[PDB]
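As a plain string of letters, each chain reads:
Number of protein chains: 4
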Amino acid sequence: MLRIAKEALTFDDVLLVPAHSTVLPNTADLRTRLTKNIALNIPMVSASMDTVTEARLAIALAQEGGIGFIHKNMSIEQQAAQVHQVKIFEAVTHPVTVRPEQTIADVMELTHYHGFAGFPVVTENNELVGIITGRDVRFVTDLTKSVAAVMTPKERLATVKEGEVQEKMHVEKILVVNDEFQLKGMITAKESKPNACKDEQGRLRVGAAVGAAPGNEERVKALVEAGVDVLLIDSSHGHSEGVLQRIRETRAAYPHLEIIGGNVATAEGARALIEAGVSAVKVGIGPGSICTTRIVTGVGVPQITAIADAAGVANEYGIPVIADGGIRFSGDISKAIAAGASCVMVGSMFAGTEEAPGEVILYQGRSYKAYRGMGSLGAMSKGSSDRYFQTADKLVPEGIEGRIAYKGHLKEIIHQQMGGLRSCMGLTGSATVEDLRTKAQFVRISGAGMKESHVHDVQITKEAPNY
Amino acid sequence: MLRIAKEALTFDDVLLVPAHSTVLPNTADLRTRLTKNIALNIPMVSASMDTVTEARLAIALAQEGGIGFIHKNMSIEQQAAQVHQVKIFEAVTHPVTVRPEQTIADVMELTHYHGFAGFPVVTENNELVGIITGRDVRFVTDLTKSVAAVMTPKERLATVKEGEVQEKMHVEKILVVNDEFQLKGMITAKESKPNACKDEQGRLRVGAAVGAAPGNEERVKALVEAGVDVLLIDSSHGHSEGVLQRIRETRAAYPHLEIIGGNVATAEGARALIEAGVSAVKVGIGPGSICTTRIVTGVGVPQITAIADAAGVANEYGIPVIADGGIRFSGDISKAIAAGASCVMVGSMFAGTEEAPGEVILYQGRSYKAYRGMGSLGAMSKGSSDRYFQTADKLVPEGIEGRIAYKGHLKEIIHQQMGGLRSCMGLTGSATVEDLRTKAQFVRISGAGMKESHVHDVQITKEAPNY
Amino acid sequence: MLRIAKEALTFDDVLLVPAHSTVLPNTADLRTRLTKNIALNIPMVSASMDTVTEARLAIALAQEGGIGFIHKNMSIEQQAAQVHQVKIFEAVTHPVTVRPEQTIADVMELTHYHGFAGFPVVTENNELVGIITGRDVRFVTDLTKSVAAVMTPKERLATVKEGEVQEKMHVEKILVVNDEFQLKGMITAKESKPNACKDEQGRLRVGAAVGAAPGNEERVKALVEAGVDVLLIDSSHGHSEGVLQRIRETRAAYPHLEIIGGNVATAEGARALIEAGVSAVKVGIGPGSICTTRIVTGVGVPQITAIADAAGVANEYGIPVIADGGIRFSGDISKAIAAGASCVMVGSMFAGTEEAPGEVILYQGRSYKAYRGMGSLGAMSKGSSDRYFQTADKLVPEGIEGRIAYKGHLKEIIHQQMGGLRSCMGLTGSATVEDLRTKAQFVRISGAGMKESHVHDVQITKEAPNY
Amino acid sequence: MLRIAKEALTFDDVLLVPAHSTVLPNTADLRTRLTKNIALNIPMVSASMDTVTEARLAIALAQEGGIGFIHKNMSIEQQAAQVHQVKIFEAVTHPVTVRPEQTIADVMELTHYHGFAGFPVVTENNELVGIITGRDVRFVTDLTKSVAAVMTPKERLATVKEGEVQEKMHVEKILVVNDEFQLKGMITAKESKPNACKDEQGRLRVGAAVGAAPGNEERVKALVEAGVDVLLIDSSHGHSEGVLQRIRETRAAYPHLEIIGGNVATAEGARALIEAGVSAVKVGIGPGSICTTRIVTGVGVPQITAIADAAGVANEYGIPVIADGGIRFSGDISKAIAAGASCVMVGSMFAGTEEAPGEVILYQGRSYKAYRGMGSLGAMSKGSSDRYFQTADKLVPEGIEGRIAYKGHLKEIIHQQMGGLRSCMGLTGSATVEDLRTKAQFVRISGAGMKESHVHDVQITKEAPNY
Ligand SMILES: COc1c(C)c2c(c(O)c1C/C=C(\C)CCC(=O)O)C(=O)OC2
Ligand SMILES: COc1c(C)c2c(c(O)c1C/C=C(\C)CCC(=O)O)C(=O)OC2
Ligand SMILES: COc1c(C)c2c(c(O)c1C/C=C(\C)CCC(=O)O)C(=O)OC2
Ligand SMILES: O=c1[nH]cnc2c1ncn2[C@@H]1O[C@H](COP(=O)(O)O)[C@@H](O)[C@H]1O
Ligand SMILES: O=c1[nH]cnc2c1ncn2[C@@H]1O[C@H](COP(=O)(O)O)[C@@H](O)[C@H]1O
Ligand SMILES: O=c1[nH]cnc2c1ncn2[C@@H]1O[C@H](COP(=O)(O)O)[C@@H](O)[C@H]1O
Ligand SMILES: O=c1[nH]cnc2c1ncn2[C@@H]1O[C@H](COP(=O)(O)O)[C@@H](O)[C@H]1O
Ligand SMILES: [K+]
Ligand SMILES: [K+]
Ligand SMILES: [K+]
Ligand SMILES: [K+]
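Residue numbers (the UniProt record's numbering), protein chains in the order written: chain X, 3 to 93, 96 to 167, 172 to 178, 182 to 201, 207 to 407, 411 to 486; chain A, 3 to 93, 96 to 167, 172 to 178, 182 to 201, 207 to 407, 411 to 486; chain G, 3 to 93, 96 to 167, 172 to 178, 182 to 201, 207 to 407, 411 to 486; chain Y, 3 to 93, 96 to 167, 172 to 178, 182 to 201, 207 to 407, 411 to 486.
A few of these clues could be false.
You can't tell identical chains apart in this list, so a pair holds if it fits in one copy or across any two.
Quick list of in silico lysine-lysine cross-link-like pairs, DSS-like style, CA-CA up to 30 Å [to be verified]:
{"id": "1", "residue 1": "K426", "residue 2": "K214"}
{"id": "2", "residue 1": "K413", "residue 2": "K209"}
{"id": "3", "residue 1": "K481", "residue 2": "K149"}
{"id": "4", "residue 1": "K413", "residue 2": "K214"}
{"id": "5", "residue 1": "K481", "residue 2": "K470"}
{"id": "6", "residue 1": "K165", "residue 2": "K195"}
{"id": "7", "residue 1": "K184", "residue 2": "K458"}
{"id": "8", "residue 1": "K214", "residue 2": "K430"}
{"id": "9", "residue 1": "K481", "residue 2": "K426"}
{"id": "10", "residue 1": "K470", "residue 2": "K214"}
{"id": "11", "residue 1": "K201", "residue 2": "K413"}
{"id": "12", "residue 1": "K470", "residue 2": "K8"}
{"id": "13", "residue 1": "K89", "residue 2": "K149"}
{"id": "14", "residue 1": "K413", "residue 2": "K426"}
{"id": "15", "residue 1": "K458", "residue 2": "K8"}
{"id": "16", "residue 1": "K237", "residue 2": "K184"}
{"id": "17", "residue 1": "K38", "residue 2": "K430"}
{"id": "18", "residue 1": "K413", "residue 2": "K430"}
{"id": "19", "residue 1": "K426", "residue 2": "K398"}
{"id": "20", "residue 1": "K89", "residue 2": "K176"}
{"id": "21", "residue 1": "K214", "residue 2": "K89"}
{"id": "22", "residue 1": "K184", "residue 2": "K149"}
{"id": "23", "residue 1": "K481", "residue 2": "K398"}
{"id": "24", "residue 1": "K470", "residue 2": "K426"}
{"id": "25", "residue 1": "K430", "residue 2": "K201"}
{"id": "26", "residue 1": "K458", "residue 2": "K470"}
{"id": "27", "residue 1": "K184", "residue 2": "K398"}
{"id": "28", "residue 1": "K413", "residue 2": "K470"}
Simulated from the structure, these hints should not be mistaken for laboratory data.
All chains should be modelled from the sequences, with the hints used to inform the complete structure.
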């Protein structure tokens, strides 16, 4: 009579089972797939939220092996600039410089009559027209001569266009130019981040979100043109025709573009996304820390069941599932993977790190940052308006606005969390992320089983970095 | 051995499943049925409680698309007057006026020798006997003449009886009279509330409760005579013979009267109510916020199972179910509908609004209103007594007395709550209330699933209007 | 592999189902059986605990329709005296009196020369030897005569032996004597408590506990000789051979004595008690408010399942079940009955009433009384010792010592609680306790169902007498 | 689809069932097996943790009938010295003594011219070369003679080598020597601890842990050479090949050594340990009070199911199971045994006793001791380092550091806890630990059943010693 499918389960209803293992935590292999064609070094992506991911965090995350997704709550050029920033990220030097009109006396004023390498010569703005060296000047007496009658001319310089160049240097100092022969710096013949997630040309990978409303074409175009590695079409309802249509159109317009579509929480929803053309299915309706959808609307599916149901279909097409929302501890990452996901998307876990947007706030002598639902009033009010234009029709939010404890640097957080994954892989005898994802077993536990799992019956005196 | 049917479920044991959808929240259709013949524009009715619904709230609710139920804790004429108030609600002007005995000097005292429209002329009390205009007087010198020798006489006036009249005006100012030609105002040729729930003649709908005890005939009669749209026979035990008898008698006496009977919590109970003649089955034994029945008596049925069981029968006769009690958030409304209800009856959700009875109370520098069970001592003590008459026989209450946070205006609350319904209809791909009610699917969740549903693991900094 | 029977259930896991009803709460019939041959007017007995039941409460409870069980933590004669007190409870007057040696002047000193009824004449100690009346003296001048030469002699008095006598009075004042013709008072030709639980001779019923250890014979004998109506052999383990043996012996020694045996929590245990000869099976291992057995020992059975299992057997022999422990609200009484019990035994519910032993304690400006497990250290330390005698062998308690809020008078508590029963009987359409016990149905509910049952989502401003 | 075995259960999900019993708590038999060949007098062992077990507690526990396991967070010789200490524990006297060079005047200086037993004579360091008695001196005048010309020579002494000797005394005072004839004390012809757990030669039993990393051979060798009764190879992952290999090697090197291996939480894991050669299977992955494994890694198995699954296999080979972690109250011990374990290993239950390592700490005017996971940062930092050597590679802890309330003496704790076991054995009619372990039955209970089990609805005024 009551129309009810079986009991759906979330992270706290299950525990993974230990198994025979020849795997040590530090030998565990963390590599996995974000989409059919994009590899991750760690099974983490960052949420596309104005309180989690801008260029700063996207770069830091990619350096550690994951991919950040730039949020859409900014203008097109703003978003494209963010992507571009990530794509060109290098860490070049930017030397002291003179004019073709400046005199030798000007130069001697700078050098202080003791030897020097040289000064790149630049025009009114900002053309590079030569160089003057400690050997061009050592024996020039006439302090009145302009730098241009004694400089090494344009053609004797060794240069590169911005964007490894270390190949062309095989000469040991090279001047970076652009398309109008305009100086941008210098690089002088000299791996900090071996787990970096990078594209075929050794650039850091980045993603960016656009959402499903009509009229996104201009935004998509600019993001692809800025070299985005993966496009996320993010919606609170991936099973909506609107979303499927938007995915179809984007697939048809960029047949090689890796696209993530979601969110869904069912087999059917994962099926309709795959049919629309996604390269990856993003799963989660309502499990997010800052989410009130389940309460406001009554709709949702516990996240371990949502994952397994979406993966049941997505596996049949070779399509990876992304588990998005509700990850609170590193043991949830293990569980989301064993349920069928190839990686997890996280907000709160990364929010409040140094790298996330926003400044630190003090509240009762303790450190926090802003963290808010993308569907909260504040996140939505940066709507398209200016409130000058906007106003019986008030928005009904499905997210809250809050504060989250300051976490410090992203790198240490990732290391803490992946530690716990590695240890689970040793416990479950999973060599690779695939083995955890396809072979690990669960048991179902009661509320009393979950209390035994936590710390219990002792006073914690010190905070542990993973708990 | 132990006599036990299956596990019964309440709101927090279930979540609705998202589905393929061509529905947008703002295109969702909220219309539904209160009874076999009365349509609602929104699936909400207000509880019949002395701390929720009197004329004030009944009018405000009907203007928004629902129906209020006037409570019975007042005299017959009091209750009939409340219904009448709702039925005649308009928002007429009520102009300045003179006597047939008053002189022209009296008039000139009022006008101040500059032009005027006119003054309706009235008797000792309160008959209308004519009009005197700025053109009746402009050239009357004799300030001593009585208004009656120069007034426009009774028959040259254009008038209407109280109770659209805008048809007869096709003349642009019309004088409202009653049956003794007595003046009541004026209306001068001039839609704020398009979702208003209205009867075939464009009057706001209203309901009123009587309860099941013998001797209600006089009360019913007066309520029907006051134009009540729907009679509620409300009881803590709708499956009691007393209640069924009372419903039978009322059906026989008013074969066209829409009658709501309840409350029940079973198939059988819904069946016996339908057999007795109800136009709608009201469901809920014990789920109310202020209810202690379950604890005091040990009896009750979790409300999602109570709804589905009652709807299983009521569907077979085309009879709508009203889900009454236990609605706390807008997601519960979605759930109660998907379980089989056509609308929800709410107390606490509306209590504490400006429109509900009682004044605002301050308690520790914060705003509240009184909200009490109709079976609490205070609600019951307004019994029939005066305590002068009343007293080893003390009442045993099944409701408590309390306070509820001030909510502000009803209109904003309704908009907040229906927002969440609309969003669920988009999530579940339900175009109409019927589709949610008959096609949406649930999953069953654990206590851990319900914690994931809420906000979790972040500090809320601002209160969201729906949470 | 793990040796586990099905899920056992307690009060909060179930709710009763409303049903068709021709029963009104105030017409509900509360009468039930304590044992095969002893009727109760209300389905309550009081626990045999030194903080719940001594004569005071036993009398008050019997007057309301139940039976109190005097505890065993006192000497034999102490316990027999308590029983006796209950058995003889009447509410006699006790007039002013003179000596056969006292003079007329002594009498006139007392009367003050205005008329008087008379003075019963008594010996050195305390024999009754006659009467002197206002008419024996009115005309006796000689103030020196001793009362004995003018008294109405022994044989003209109308008298009764202690222990209705109102039959012999058919004469209107009668002098109460004992076996040595010794005066005890007077009763002068004059129903407050119609629900009183009484024996065939109109005396209040009382029970008394002895426990199962060897050597109880003397105690049993004295209790039977004091007119105890029902003997309780109370143990934390009724399925222990020791207990069954003790029951066997007592049955053989008093074939007509109603005996309660327990506690058990299984079919088997109820069977072995019946076989041993009990007139009633008492059920409950670990559910008591002050009990720590379940935690200390790991043993126990949730009380609704314990009841139904014990009743499954006990029903086949016509033997009533007593549900003992874990009753917190009046809805638990309804549930315990529907699970199969004929009445409930309560401790905390009665503890802290005026009538229970101990004085009121103030603790932070609020009223309490002592309430302790009979297996707590304090209850057990009144062992048999004096601590002078007693002491690597310390007792290991299965009960705690605590305080319970002052409740006031027992009568009001009973009325509050039976109110809730009556209302459940109306809700479930149970005319008699038997119908609730054998025909009412349960549903099983989740933790979320139990939260809906309570008060929720409102601030209680006043305490309700049943909640 | 989701890969899930049945619901696993922990202590609070179950209760034992009372049964027919001829067993009294004080007649219950507590003896059980630690391994195939080592008997315990009580079914308790202490955890191998630097905050629970060093020699002090190992000795106290063995005296009460259990076995302590010395932890490995110390050097080899340190650990061997601890074992040795336990093995030689006696409670000898150590008399006053003189030199062969000291004069009679020196002696008379000590005696004070009144009679004396005698003085054992010792060399430079520390050889025993004779004795001088109150009868050797009574008649020696020459105060200048050296003790050696008047002493009773080496050969007239009655002596024993360190390590019952009371047999050789059959002479009543005997001088304890070593292998270089060096004096160690004296024992003079004189059962406090009858439940002592002892080896075939009447020495207290002790265990010691080594862990599974390569290179443990030297440590094992020294522990065996120090007379360890049982070797524990303890790991957070007993199903890891590394652990199984280490067990294999140790079995092959010491075919008669009793070895405990673990921890596992499955049938398979218990099977692989038995195959590797263990004499006992230790069970528990994640249930420990101070454990965060379940949360950090997501892996674990509720402990009652982990026990029964491991015992299902281990029973088929006659191999005992040790239930390790998550024991909080004495009722958990009963449950762990009935689930299949032969004894329990405890940390927090013993931590904070006088005997456990560490000093008492005051924190807000109350007594505590340190208790920490062996996998917490602090426990692990005593790594092998000195931090001078050690440092993007920080450890990821699976244990926390905390404080636990001071418990007093271990003996009283054990007596409290075994009290509760004994009482359960009476309740379940289990004469021996074997009967509880193989015949007792469980019921499964809800969260509401567990609340009824606890104290509820009363204010505890005094702390009970077992709760
Ligand atoms: C896009 O971000 C999300 C996602 C991924 C999810 C939910 C959600 O509320 C939002 C924010 C809601 C927004 C931005 C409103 C616009 C819309 O999407 O129509 C959710 O409940 O599951 C998944
Ligand atoms: C007799 O009172 C009880 C009863 C009825 C129960 C329990 C209990 O602990 C005591 C007190 C325990 C005592 C007096 C110790 C003596 C003994 O009985 O051996 C329980 O857990 O279920 C039922
Ligand atoms: C050995 O002590 C344990 C045991 C028995 C268990 C766990 C645990 O974390 C530790 C401490 C973890 C350590 C010492 C890290 C070294 C390692 O073992 O690799 C657990 O979760 O179940 C059982
Ligand atoms: O306002 C919101 N309402 C509901 N879900 C949101 C909202 N904003 C973001 N989300 C989702 O919640 C996820 C983050 O969940 P978290 O890691 O548990 O903080 C995001 O990746 C989006 O899926
Ligand atoms: O005193 C009472 N006891 C139990 N139920 C009540 C009482 N008064 C009103 N009710 C019911 O509780 C409902 C309101 O529930 P609420 O919306 O959860 O506050 C009413 O519509 C009646 O069904
Ligand atoms: O010390 C004790 N330990 C366990 N049970 C007890 C103890 N003392 C009394 N009882 C039982 O607990 C019952 C009272 O339970 P209550 O009504 O829930 O307070 C008594 O009737 C006895 O069955
Ligand atoms: O740091 C740790 N993490 C997890 N388990 C631990 C750790 N240290 C000890 N243990 C285990 O926890 C047990 C003690 O559990 P307790 O009795 O519940 O305090 C030990 O016997 C080990 O099995
Ligand atoms: K949420
Ligand atoms: K309620
Ligand atoms: K209890
Ligand atoms: K734990």
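Hints and how they fare:
no. : hint        : verdict
1   : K426 / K214 : within (26 Å within a copy, 53 Å between copies)
2   : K413 / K209 : between (48 Å within a copy, 17 Å between copies)
3   : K481 / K149 : neither (70 Å within a copy, 69 Å between copies)
4   : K413 / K214 : between (44 Å within a copy, 25 Å between copies)
5   : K481 / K470 : both (20 Å within a copy, 27 Å between copies)
6   : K165 / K195 : within (9 Å within a copy, 88 Å between copies)
7   : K184 / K458 : neither (53 Å within a copy, 71 Å between copies)
8   : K214 / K430 : within (17 Å within a copy, 54 Å between copies)
9   : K481 / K426 : both (16 Å within a copy, 22 Å between copies)
10  : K470 / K214 : neither (41 Å within a copy, 38 Å between copies)
11  : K201 / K413 : between (58 Å within a copy, 29 Å between copies)
12  : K470 / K8   : both (24 Å within a copy, 19 Å between copies)
13  : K89 / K149  : neither (44 Å within a copy, 97 Å between copies)
14  : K413 / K426 : between (35 Å within a copy, 16 Å between copies)
15  : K458 / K8   : both (23 Å within a copy, 17 Å between copies)
16  : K237 / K184 : neither (37 Å within a copy, 63 Å between copies)
17  : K38 / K430  : within (26 Å within a copy, 50 Å between copies)
18  : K413 / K430 : between (41 Å within a copy, 12 Å between copies)
19  : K426 / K398 : both (26 Å within a copy, 27 Å between copies)
20  : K89 / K176  : within (21 Å within a copy, 75 Å between copies)
21  : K214 / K89  : within (10 Å within a copy, 62 Å between copies)
22  : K184 / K149 : within (27 Å within a copy, 98 Å between copies)
23  : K481 / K398 : between (41 Å within a copy, 17 Å between copies)
24  : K470 / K426 : both (26 Å within a copy, 24 Å between copies)
25  : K430 / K201 : within (24 Å within a copy, 68 Å between copies)
26  : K458 / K470 : both (26 Å within a copy, 28 Å between copies)
27  : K184 / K398 : neither (47 Å within a copy, 49 Å between copies)
28  : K413 / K470 : between (42 Å within a copy, 28 Å between copies)
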